[PDB]
Structure formats: C-alpha cells, structure tokens
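Okay, here we've got a single chain as structure tokens, the form deposited without the ligand, with questions on binding and movement later.
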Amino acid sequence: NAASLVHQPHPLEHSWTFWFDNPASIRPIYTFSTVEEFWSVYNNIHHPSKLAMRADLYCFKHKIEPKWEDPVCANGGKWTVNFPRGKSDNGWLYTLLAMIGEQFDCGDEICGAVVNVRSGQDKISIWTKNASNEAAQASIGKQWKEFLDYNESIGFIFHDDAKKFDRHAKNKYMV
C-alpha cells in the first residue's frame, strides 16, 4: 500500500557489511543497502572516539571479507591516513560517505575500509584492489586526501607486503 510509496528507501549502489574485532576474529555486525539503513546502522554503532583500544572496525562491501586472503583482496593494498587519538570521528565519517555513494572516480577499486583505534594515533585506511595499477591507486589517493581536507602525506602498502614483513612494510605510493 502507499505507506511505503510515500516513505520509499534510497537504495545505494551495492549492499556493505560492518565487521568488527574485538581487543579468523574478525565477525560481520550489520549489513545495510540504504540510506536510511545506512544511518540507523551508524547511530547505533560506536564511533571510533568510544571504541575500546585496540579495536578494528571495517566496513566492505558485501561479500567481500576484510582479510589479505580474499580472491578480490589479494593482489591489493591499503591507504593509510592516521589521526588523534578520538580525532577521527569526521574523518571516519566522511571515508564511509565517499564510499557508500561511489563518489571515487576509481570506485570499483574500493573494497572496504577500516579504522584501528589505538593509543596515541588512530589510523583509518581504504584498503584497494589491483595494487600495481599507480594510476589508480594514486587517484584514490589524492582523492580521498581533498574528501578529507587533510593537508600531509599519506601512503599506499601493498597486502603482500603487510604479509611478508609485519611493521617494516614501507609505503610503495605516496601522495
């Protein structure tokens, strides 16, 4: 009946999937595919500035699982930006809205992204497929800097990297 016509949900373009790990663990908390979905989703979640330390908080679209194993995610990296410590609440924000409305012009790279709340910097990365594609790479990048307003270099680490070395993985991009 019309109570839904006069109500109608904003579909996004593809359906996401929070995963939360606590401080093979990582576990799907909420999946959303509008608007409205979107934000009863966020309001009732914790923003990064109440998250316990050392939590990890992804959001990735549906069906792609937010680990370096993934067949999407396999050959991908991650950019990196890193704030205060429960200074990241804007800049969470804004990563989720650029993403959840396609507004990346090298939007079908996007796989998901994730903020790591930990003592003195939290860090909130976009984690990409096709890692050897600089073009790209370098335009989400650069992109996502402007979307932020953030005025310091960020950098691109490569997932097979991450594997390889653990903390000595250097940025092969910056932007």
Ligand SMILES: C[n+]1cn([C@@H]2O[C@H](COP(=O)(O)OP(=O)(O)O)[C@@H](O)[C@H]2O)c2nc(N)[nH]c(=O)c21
The other form holds:
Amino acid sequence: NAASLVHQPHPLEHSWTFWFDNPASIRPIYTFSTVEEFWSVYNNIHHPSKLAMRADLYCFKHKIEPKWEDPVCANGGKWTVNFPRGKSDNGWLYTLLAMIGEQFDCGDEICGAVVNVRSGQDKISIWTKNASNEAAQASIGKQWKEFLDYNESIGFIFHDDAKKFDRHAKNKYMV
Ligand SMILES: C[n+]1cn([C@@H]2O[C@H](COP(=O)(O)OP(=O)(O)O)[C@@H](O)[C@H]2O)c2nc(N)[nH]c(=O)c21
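Requested next: the structure of the form solved in complex with the ligand (the form deposited without the ligand having been shown above).
In what comes next, the whole complex appears, and the chain from above leads the way.
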C-alpha cells in the first residue's frame, strides 16, 4: 500500500556505520543507508561536546573497519583538524554531511571520519586510501578546509607512519 509511497526514504550513495570507542575494542553501533536513518541516528548519539573524555566516535563506509590494518585503509592516511574542547560539533556535522552526501571531488578515496574528544583540543580526522596520491589527497584536504571555513594549516599522516612512529609521526602533506 501507499504508506511507503508518500513517505519514501531517500537513500544515500553508500551505507555508513558509526562506531564508538568508550572512556581492537571499537564496537559498531548504528549503520545507516538513508538520509532519514542518518538523522535518526545522529540525533540519538551524543555530540562531541557531550562525549566523555578520551572517547572516539567513527563514521566509516559500510564494510570499512576503522583500523589501519583494514585492507582498504592499509595504504591510506588522514587529514586532521583541531578545535577547542567543546567547540567541534559543527565541524563534525559539516564533515559527516560532506561525506555521506558525496560532496568531495575525490570522494572515491574517502574511507570515513573520526572525532577524538580530548581535554584541551578536539580533533577530527578524515581517513582516505592511497596516501601516495598527493594530487588527490591535497584536493580532499583543501576542500575540507573550504567546507569547514577552517583558516589554519592541516596535515596528513600516512597510517604506515602512524603505526611505525606512534606519537612521533610527521605530516607528509600540508594544505
Ligand atoms: C586511531 N588508532 C589509535 N590506535 C592506537 O591506540 C592509541 C590511542 O591513542 P588516542 O587515544 O588516539 O590519543 P591519546 O592517547 O593521545 O589521547 C594510538 O596511539 C595508537 O597507538 C590504533 N590502533 C589501531 N590498530 N587502529 C587504529 O585505528 C588506531
């Protein structure tokens, strides 16, 4: 019948899974495939301003696990921005909307995004694949900056560098 005709969900290009890691133990929590489902889920998850300290919240394409060791992420890396503790909610949102909406030019390279809640600063990173494709990675980083109205340099860290050099990994590109 008509019920599902006049209130038809609007499907996204990809399915996305939110994962959480709480203050190899990163649980998935909600998978969505439609706009409706996104908002439903985003409106029942805490925004970064009300997350607990040291929490990580991930939003990755379905079947990409948010781990350096995932074979889609393995040769990839991450653009990172910083915001003050408690002032990262809009950035997170604008980031989610940019990804699920397929707004990035080089959106093929996009794996997902993560907000890291820390005392002092919040960080949001976008994870991509093909770290060695500078042209692509620079496109994404610039464009993210433009989406966010961010006015500072951002950097990109190969997952291979992160794995090897924990604290000490340097940015390979900057935009
Ligand atoms: C994001 N991530 C972090 N780790 C490891 O877990 C640690 C968690 O560090 P953090 O909690 O990201 O920041 P903070 O400790 O400065 O507050 C990192 O230093 C990495 O050693 C990770 N280990 C794996 N295998 N995969 C991941 O995606 C990953």
